[PDB]
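Engineer: One letter stands for each residue in the lines below.
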Amino acid sequence: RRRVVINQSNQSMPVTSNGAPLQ
Amino acid sequence: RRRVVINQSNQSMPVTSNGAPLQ
Amino acid sequence: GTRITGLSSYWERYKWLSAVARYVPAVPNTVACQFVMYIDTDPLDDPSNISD
Amino acid sequence: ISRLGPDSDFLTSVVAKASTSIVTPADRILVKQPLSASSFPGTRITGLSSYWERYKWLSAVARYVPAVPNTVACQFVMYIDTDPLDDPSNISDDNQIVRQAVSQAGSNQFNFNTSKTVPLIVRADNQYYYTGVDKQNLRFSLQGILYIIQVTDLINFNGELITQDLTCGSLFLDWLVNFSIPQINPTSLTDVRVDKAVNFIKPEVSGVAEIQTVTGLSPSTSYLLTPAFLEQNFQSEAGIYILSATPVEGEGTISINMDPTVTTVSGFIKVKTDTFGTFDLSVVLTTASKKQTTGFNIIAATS
Amino acid sequence: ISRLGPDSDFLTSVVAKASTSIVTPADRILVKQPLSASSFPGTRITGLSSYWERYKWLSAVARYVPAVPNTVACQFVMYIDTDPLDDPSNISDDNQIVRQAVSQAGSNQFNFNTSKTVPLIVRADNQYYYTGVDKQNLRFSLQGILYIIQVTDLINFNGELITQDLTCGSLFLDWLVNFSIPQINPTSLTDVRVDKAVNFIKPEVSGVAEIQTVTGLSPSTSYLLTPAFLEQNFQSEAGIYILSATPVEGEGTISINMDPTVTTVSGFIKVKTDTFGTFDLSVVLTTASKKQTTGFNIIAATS
Ligand SMILES: [Ca+2]
Ligand SMILES: [Ca+2]
Ligand SMILES: [Ca+2]
Ligand SMILES: [Ca+2]
Ligand SMILES: [Ca+2]
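Protein chains in written order, with PDB author numbering: chain C, 31 to 53; chain C', 31 to 53; chain C'', 107 to 158; chain B, 66 to 368; chain A, 66 to 368. A prime marks a further copy of an entry chain.
Hints are not guaranteed to be accurate.
Listed next, with one range per pair, are the computed distances between beta-carbon atoms [said to hold, decoys possible]:
no. : chain 1 : residue 1 : chain 2 : residue 2 : range
1   : C''     : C139      : A       : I276      : 41 to 51 Å
2   : B       : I220      : C''     : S114      : 47 to 57 Å
3   : B       : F341      : A       : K356      : 39 to 49 Å
When the alpha-carbon atoms are kept at most 20 Å apart in a straight line, the in silico EDC-like pairs for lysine to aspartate or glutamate are as follows [as the list claims (entries may be wrong)]:
no. : chain 1 : residue 1 : chain 2 : residue 2
4   : C''     : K121      : A       : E118
5   : A       : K335      : A       : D260
6   : A       : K200      : C''     : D151
7   : B       : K82       : B       : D230
8   : B       : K267      : B       : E296
9   : A       : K82       : A       : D218
10  : A       : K97       : A       : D230
11  : B       : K335      : A       : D256
12  : A       : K97       : B       : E314
13  : A       : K261      : B       : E316
14  : A       : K337      : A       : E314
15  : A       : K200      : B       : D339
16  : A       : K121      : C''     : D158
17  : B       : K200      : A       : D339
18  : A       : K337      : B       : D339
19  : A       : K335      : C''     : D158
20  : B       : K337      : A       : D260
21  : B       : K97       : A       : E314
22  : A       : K200      : A       : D148
23  : A       : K82       : A       : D159
24  : B       : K121      : B       : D148
25  : B       : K267      : B       : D324
26  : A       : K337      : B       : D260
Sample of chain B residues at the chain C'' side, in silico, Cβ under 10 Å [said to hold, decoys possible]:
no. : residue
27  : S78
28  : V130
29  : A132
30  : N178
31  : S235
32  : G281
33  : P284
Calculated from the structure, these hints are not laboratory results. Built from N, CA and C at the ideal position, the CB exists for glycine as well.
Between the sequences and the hints, there should be enough to build the whole structure, so can you do that?
Structural biologist: Put into structure tokens, the structure is as follows:
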């Protein structure tokens, strides 16, 4: 047989964006 | 007489605005 | 150094289902150079022996 | 019926020009790039174009990116002339050539600090155009000609004009084609280039061939070898410089005969490298005491 | 994936050999032709192979036509060995090398003056072999190798043995492919070749540049020029044979300086033709009274 276990040994890293004006 | 035909021999040009931050 | 390389040697095989590499700069808008970024799928195609 | 795409291909790098390099209104045309598929030699669309007769762009949107900081400023206008023979180069007024641009449908103007695109306007009918090099009439082989017109003097951050011709970005194509009639198109769209020049070795024993192994070349590609030597006094001592170079694998004999009675500087070696980018050839000198260096040029096709 | 085909190509000619040329049973292998996509330079499938990562022959049938009269007879067997590292080149029995051939699936047995076909049998699973030139392991990038084994001695109209080896036919591949993941696939396969060797003109008045137009080349194709000469006495009278050839449009120089204090034979020219296959370049001589002939090769990418 083969089985597909959803492994739960990870962790996320969400990306946020911004940006400064000249003044 | 006088008649006012809507002439359809033109084409548009729409304007979009943006602007880059310092970083 | 990553945990995925640590955990990779506790199974036999792998397959990247989703793999998107996300370039983050650390530079302002005052210097400029153009890059091109890709993932070649053949690990033996090497561009390092091109004379052009 | 052989529909391929959508993909991406790099056309050229665009070079903005200084204010002193602009004299006539014709000098504002930065690029005049034909958008035939057989007109970007080395790219993927041109390599494919030499294996079908006809084509038609279903969607050819040309995507410009900047390669320049946001602290310098100049302004471009960019369009695709669907007629390949309407030439804007004979316009004597500087503003008329850029009103020629924005009047064409599908055109676009932009600051050159940002990424904008120009799509190709489809025809009303269903006409296919030919691939290959342009033989007689351009209206058979070109679907469009991409133009970029500089409308503004190239300024810098310091309030000065740039005095040098500056590469200011790149042009990419997002293409989707049809094709028909698979064939070969007899003119090759590749260009040759002298890859590198390296001298023959100096053998120690007269009339005995020692094998010169050269490295650093690309693996498993065919090369061409022609001799070239510069400023060598062969009559500085006794003897006659007689060289004979043969590959152990390929075909050909490079012969260097510097006898001033009968001169023979001729021959060529066709040989291909192994899997490691190396090859070797039998270098032999009749008079090994003559240590004047002689070189050869490695010819290769780059694209 | 891109499914291209069906189409035809040209592999090679095949030279059936006589009784004396067959000494070992390993000599019976007439052709060892790899049926990867990237192994027939100049053809259509090889040019397309360098624009994708992977290939798979859906239906790839190799076809043979004879180029030989019906008064000579020699039975062939033709098979496509799917394993590219199975090598029949070291089998000691002349009947075992042909039992190994006829037992391959899809093999075909024919007299060599009869046109026949051989189909490639595809895998049961779905493997995409890689395109491009060969690398470390030869089982990653080849789907099959084509072999033609000569199983019987070549014979004449009267039943006596032919004493000379004979080019006898040609192989044509009728193919159908998938491709995947477009790349430009470096280390291109375009081999260069000397197009022709044409010599310079001999102008009248020294120190004068003249225009030598050379004709009969391919239109709008880029060439490469390397200097050459053969068996010339550059000291037959007073003066030093100095020559310099520069194009009017191209790039580079040619220098023929036969000064015995500093002798220089170097330089190259990259120039392309017009629509007529012609071009021109500026030849100057410092002593035009000295009529030593001098040549130059024309290097061109053939495909
Ligand atoms: Ca690759
Ligand atoms: Ca054509
Ligand atoms: Ca027009
Ligand atoms: Ca044709
Ligand atoms: Ca590859």
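Engineer: Sort out whether A:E314 lies within 20 Å of A:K337, counting only the CA atoms.
Structural biologist: Distance of about 8 Å is within 20 Å: holds.
Engineer: For the restraint on B:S235, tell me whether the closest CB of chain C'' is nearer than 10 Å.
Structural biologist: Nearest chain C'' Cβ about 6 Å off; hint holds.
Engineer: Given the hinted pair A:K121 and C'':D158, is their Cα-Cα distance within 20 Å?
Structural biologist: It is violated: about 31 Å lies between the C-alpha atoms, which goes past 20 Å.
Engineer: Can you let me know if the beta-carbon spacing of B:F341 and A:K356 is within 39 to 49 Å?
Structural biologist: 48 Å, holds
Engineer: Keeping to a limit of 20 Å between CA atoms, is the pair of C'':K121 and A:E118 held or broken?
Structural biologist: Since the Cα atoms of C'':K121 and A:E118 sit roughly 18 Å apart, the hinted pair holds (cutoff 20 Å).
Engineer: Are B:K335 and A:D256 close enough, with their CA atoms no more than 20 Å apart?
Structural biologist: Roughly 9 Å separates the two Cα atoms, so the pair holds.
Engineer: Under the criterion that the straight-line Cα-Cα distance not exceed 20 Å, is the pair A:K261, B:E316 satisfied?
Structural biologist: Roughly 17 Å between the alpha carbons, so the hint for A:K261 and B:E316 holds.
Engineer: Can the restraint linking A:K200 and C'':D151 be considered satisfied, given a maximum Cα separation of 20 Å?
Structural biologist: 9 Å, holds
Engineer: Confirm or reject the claim that C'':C139 and A:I276 have a C-beta distance inside 41 to 51 Å.
Structural biologist: Between C'':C139 and A:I276, where Cβ atoms are some 45 Å apart, the hint holds.
Engineer: Between A:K337 and B:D339, is the straight-line Cα distance small enough, at 20 Å or below?
Structural biologist: 31 Å, violated
Engineer: For the pair supplied as a hint, A:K200 and B:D339, is the alpha-carbon distance within the 20 Å limit?
Structural biologist: 10 Å, holds
Engineer: With the threshold set at 20 Å, check whether the alpha-carbon distance from A:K337 to B:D260 stays at or below it.
Structural biologist: 18 Å, holds
When each numbered hint is compared with the structure, violations occur for hints 16, 18.
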